[PDB]
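A.B. asks: Take the given structure of chain D and dock chains A, B and X with the ligands to it, following the hints.
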Amino acid sequence: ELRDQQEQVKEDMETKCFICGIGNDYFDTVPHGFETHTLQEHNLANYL
Amino acid sequence: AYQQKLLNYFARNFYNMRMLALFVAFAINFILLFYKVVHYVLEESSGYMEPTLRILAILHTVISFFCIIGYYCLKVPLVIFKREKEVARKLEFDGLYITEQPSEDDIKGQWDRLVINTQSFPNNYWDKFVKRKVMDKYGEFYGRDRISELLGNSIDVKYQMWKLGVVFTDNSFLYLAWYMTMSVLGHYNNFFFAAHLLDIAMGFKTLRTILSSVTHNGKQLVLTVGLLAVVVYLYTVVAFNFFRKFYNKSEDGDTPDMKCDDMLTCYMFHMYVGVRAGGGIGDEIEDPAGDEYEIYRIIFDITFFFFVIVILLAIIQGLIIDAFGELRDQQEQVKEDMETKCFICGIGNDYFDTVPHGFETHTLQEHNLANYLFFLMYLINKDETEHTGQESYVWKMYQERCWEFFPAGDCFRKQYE
Amino acid sequence: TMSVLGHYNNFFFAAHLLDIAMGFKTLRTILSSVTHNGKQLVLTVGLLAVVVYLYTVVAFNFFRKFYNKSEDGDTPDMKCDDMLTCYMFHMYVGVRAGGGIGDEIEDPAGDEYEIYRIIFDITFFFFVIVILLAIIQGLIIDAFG
Amino acid sequence: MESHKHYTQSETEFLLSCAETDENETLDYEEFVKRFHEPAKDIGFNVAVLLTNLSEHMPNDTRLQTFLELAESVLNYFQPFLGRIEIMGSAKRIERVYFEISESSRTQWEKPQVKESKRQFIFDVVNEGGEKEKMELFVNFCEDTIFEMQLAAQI
Ligand SMILES: Nc1ncnc2c1ncn2[C@@H]1O[C@H](COP(=O)(O)OP(=O)(O)OP(=O)(O)O)[C@@H](O)[C@H]1O
Ligand SMILES: Nc1ncnc2c1ncn2[C@@H]1O[C@H](COP(=O)(O)OP(=O)(O)OP(=O)(O)O)[C@@H](O)[C@H]1O
Ligand SMILES: Cn1c(=O)c2c(ncn2C)n(C)c1=O
Ligand SMILES: [Ca+2]
Ligand SMILES: [Zn+2]
Ligand SMILES: [Zn+2]
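Chains as they are written, first to last, in the authors' numbering: chain D, 4873 to 4920; chain A, 4487 to 4523, 4558 to 4672, 4700 to 4964; chain B, 4728 to 4872; chain X, 4053 to 4207.
Here chain D stands alone, though its shape is the one from the complex:
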């Protein structure tokens, strides 16, 4: 469980937005679609 818990957390970090909570799919739709959405548009560093 405790190894899989960590695995799951990592997977959840790499397939949803933290603040939006939307998905890797709807933002993807273009090259580097989810990457720029979480590097610039939300990026929880910036909210701090």
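Keep in mind the hints are simulated off the structure, nothing from the lab. Among the hints, erroneous ones may be present.
What the hints assert, rightly or not - Label-pair ranges, simulated between beta-carbon atoms:
id, chain 1, residue 1, chain 2, residue 2, range
1, X, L4122, A, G4893, 34 to 42 angstroms
2, B, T4728, A, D4869, 45 to 53 angstroms
3, A, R4755, B, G4765, 13 to 21 angstroms
4, X, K4186, A, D4703, 31 to 39 angstroms
5, A, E4964, X, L4122, 26 to 34 angstroms
6, A, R4609, B, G4765, 43 to 51 angstroms
7, A, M4708, B, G4765, 49 to 57 angstroms
Said to hold, decoys possible - The calculated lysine-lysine pairs, modelled on DSS-like cross-linking and capped at a C-alpha distance of 25 angstroms, are:
id, chain 1, residue 1, chain 2, residue 2
8, X, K4186, A, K4888
9, D, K4888, A, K4888
10, A, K4796, B, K4796
11, X, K4170, A, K4605
12, X, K4184, A, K4943
13, A, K4752, X, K4163
14, X, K4184, A, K4610
15, A, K4605, A, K4651
16, A, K4710, A, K4602
17, X, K4186, A, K4961
18, A, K4610, A, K4943
19, B, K4792, B, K4806
20, D, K4882, A, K4766
21, A, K4602, X, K4184
22, A, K4961, X, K4144
23, A, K4610, A, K4651
24, A, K4705, A, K4595
25, A, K4602, X, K4170
Don't be surprised by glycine CBs; every beta carbon is placed ideally from N, CA and C.
C.D. replies: Chains A, B and X with the ligands in isolation, oriented as in the chain D frame:
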């Protein structure tokens, strides 16, 4: 003209010669099963058993030499091509040996500085005008005295020295060298053809998976064996300081009785015997019955059996069996994904099915990633006078490297019908 | 055709209790799972017979003096310095033990080859009893799953 | 020719037009196929694309099948050679593309130093390689196999 006749025979029979350097290396290691002790071979069939090994052990070094000549003309030209592409697409589209000058890491980046000084640099990459393209793109910010100097029975000796840096660091070539350098050692001693049955492991598919799973979860495995060597160490310091009088590997007390009251030999006793037993350490130790330390001894042994034999030896086996469960399942998943989605569309077995043989003809004719490879072989032989309306919206986009022309989501039935 | 042989000898009606296996449902499943993942099982037993073989050639060429199935040295002491009988000793005893091979071998204490012997036994216990005998059991239990 | 039940008697005589002018009542074996075959396999190709291009684009046409069922000694000869892909063609609309595959390239996507390089790639990409570099890894694979298919040629 006769050299390239033979040299193109061995590259043709490489996959069909590595199944000959295995049916021989069983026949070495079957005659070699008859040895007996000076080591002298006996007979079980007849007297002609010794010469059928001296025949068979020089025939194996020859065949294991033809399987690296046939490798040097079948797969090592391709690994040059995938390497000369990645250099030539780095200093041109991105700029690497002018603007960037790569770091202390990525030694292949540091090693490939040696090749761009050569005359015949793109020897396999079909693109012999790279050295004109950089001076027209990077001759402005940097002076064309430099770019003409950086780039540029006498063979390409600065290049042949570069190529051997790519062949020797190659992964599968070293295995074909270790497979041969034992056959040189197979005549110094006959017992070195027993390390050629390990070509079974890098030869099958459900034996290559076992040999990968030992090291696939490997970076945690050292940190768990590295806890075995600390819990068993902390069980030494307690036993060395308290329980020296039980640790007899001796007989009846009359004999010159052997002990374990020395740290380095109490430690190897707790690991050669304390781990591989069934009861931990309570097997090979004199029985505690008449002692004051008896209750302090039952606690010492139960927590040895529970921590090192029940837990820490189950989760070291656990990372080698449950890495073989991932790597078998990974392959299973890949096969399932191949048989339930389209490669280029990415749609599903369901929406295309809807009719007899619905997904079958959609991937046999409508997309069929073979056809997307023949289409790109088509434009190389077509002249640019002859490119039609859509074979030059493609060939413009491929020279530009944009790739918005593959069908992203829809194919044909998702807008027509 | 066993019941014809059941009167040549009475003990051939003991091969009619194997009609339990092709008679029930959760016993037909066990008898299928031995061979359902079968085409990988031969290639894993076929690695046991090569790792234990490569542990013979090292032990035959280096460690002949430990391999005594004998008593006290006074007896006509029996050895394992012959390839075909060192090999069947490593497979009849070396596999079915609990500690690999370090059970039925004279103890290494006073030898120069001692460190070269502890490495020989630990990697026998780890490769053949911890790994390769767990993933041969693994393909018969997880085919029943 | 008559025993093969392919040509009727109105066609077995047309094929024997003169075909030799040589003194023995015979032919020439590989020259008669040199005379008439190869200058109708690439002329006839574009005819086969055109009837293919119309049936797939224009369905529900009773008038078209009357030619189309007559062409089946051609459309079942060129379907080995007819490569059909689909691209997103410059107008935000997906249009099919038809082209010509050789025979020195359907027989070198066999020859298993090319087959092993495919299965080493399909497993590499549908496992790992995100969607920002999937089709890049396809186009980077097609460039290599064309070098492999050249390499297996000169052996
Ligand atoms: N709102 C979000 N803000 C930032 N990252 C997000 C967000 N939602 C999802 N992510 C994912 O989190 C990943 C960031 O990784 P993580 O937060 O683990 O730290 P890192 O960037 O890997 O650096 P480090 O691990 O050194 O902290 C990104 O790849 C992104 O895909
Ligand atoms: N775009 C695609 N092109 C080809 N095959 C696809 C595609 N998408 C999914 N598939 C699936 O891939 C399968 C092809 O099998 P695979 O690619 O493993 O090789 P194969 O045709 O089985 O022959 P071999 O295994 O000998 O190479 C087809 O059954 C098909 O269902
Ligand atoms: C000439 N040429 C090319 O131009 C080419 C190619 N692959 C891609 N291109 C663009 N090959 C293999 C090639 O020979
Ligand atoms: Ca034109
Ligand atoms: Zn968001
Ligand atoms: Zn599709």
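A.B. asks: Does each hint fit the structure? Answer for all of them.
C.D. replies: Tested hints:
1. X:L4122 with A:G4893: 34 to 42 angstroms: 39 angstroms, holds
2. B:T4728 with A:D4869: 45 to 53 angstroms: 46 angstroms, holds
3. A:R4755 with B:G4765: 13 to 21 angstroms: 19 angstroms, holds
4. X:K4186 with A:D4703: 31 to 39 angstroms: 37 angstroms, holds
5. A:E4964 with X:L4122: 26 to 34 angstroms: 27 angstroms, holds
6. A:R4609 with B:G4765: 43 to 51 angstroms: At 48 angstroms between Cβs, range holds.
7. A:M4708 with B:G4765: 49 to 57 angstroms: Taking Cβ atoms as reference, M4708 (chain A) and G4765 (chain B) lie about 52 angstroms apart, which means the hint holds.
8. X:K4186 with A:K4888: 15 angstroms, holds
9. D:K4888 with A:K4888: 23 angstroms, holds
10. A:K4796 with B:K4796: Judged against 25 angstroms, a Cα distance of about 20 angstroms means the pair holds.
11. X:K4170 with A:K4605: Holds, because 19 angstroms separates the two Cα atoms, which is no more than 25 angstroms.
12. X:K4184 with A:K4943: At roughly 21 angstroms apart (the allowed maximum being 25 angstroms), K4943 (chain A) and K4184 (chain X) satisfy the hint.
13. A:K4752 with X:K4163: 20 angstroms, holds
14. X:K4184 with A:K4610: 19 angstroms, holds
15. A:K4605 with A:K4651: OK: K4605 (chain A) and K4651 (chain A) at ~14 angstroms, within 25 angstroms.
16. A:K4710 with A:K4602: 13 angstroms, holds
17. X:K4186 with A:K4961: Distance of about 22 angstroms is within 25 angstroms: holds.
18. A:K4610 with A:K4943: Between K4610 (chain A) and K4943 (chain A) the Cα gap is close to 21 angstroms, so the pair holds against 25 angstroms.
19. B:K4792 with B:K4806: 8 angstroms, holds
20. D:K4882 with A:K4766: 18 angstroms, holds
21. A:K4602 with X:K4184: 21 angstroms, holds
22. A:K4961 with X:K4144: Holds - the C-alpha atoms of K4144 (chain X) and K4961 (chain A) are around 13 angstroms apart, at most 25 angstroms.
23. A:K4610 with A:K4651: The given pair, whose Cα atoms are some 13 angstroms apart, holds under the 25 angstroms limit.
24. A:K4705 with A:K4595: Roughly 22 angstroms separates the two Cα atoms, so the pair holds.
25. A:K4602 with X:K4170: Distance ~15 angstroms between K4602 (chain A) and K4170 (chain X) Cα, so the pair holds.
Consistency note: the structure conflicts with none of the earlier hints.
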